[PDB]
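This document starts with one chain, in the form deposited in one PDB entry, laid out as structure tokens.
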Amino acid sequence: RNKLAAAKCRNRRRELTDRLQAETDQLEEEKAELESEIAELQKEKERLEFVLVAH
């Protein structure tokens, strides 16, 4: 019957974990998008190479 201790615990000095967690989010998304554009750029590379040998 001490959940209050945990709640107020995770409420004290939230700025740090808040900033680190947000930066973590921005970096996770930046990563995902980078992987996507790498995929697309690779597809374009394959396309250009095929076009470059078929004509």
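Positions refer to the first chain, counted from 1. Here, rigid core means the biggest group of C-alpha atoms that superpose within 1.5 Å across both forms. First, how it differs from the form deposited in another entry.
Here the rigid core is superposed between these two forms, and of 36, 42, 11, 24 the C-alpha of 11 is the only one to shift by 2 Å or more.
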Given for the second form:
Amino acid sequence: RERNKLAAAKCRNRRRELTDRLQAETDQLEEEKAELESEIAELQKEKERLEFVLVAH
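Next up, the form deposited in another entry in place of the form deposited in one PDB entry?
The following holds one chain only.
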């Protein structure tokens, strides 16, 4: 009853740590998506600038 108490406390502590680490890593994926969305926008602008130039050649 004494060593099961400790073992169970550690398990729940490890579970809680993983739950928090997953919330944090999910936020980063959501930030990486937004950052990709802005990189996509940037390259589409350069693409239109080039299309604008090439039509005249």
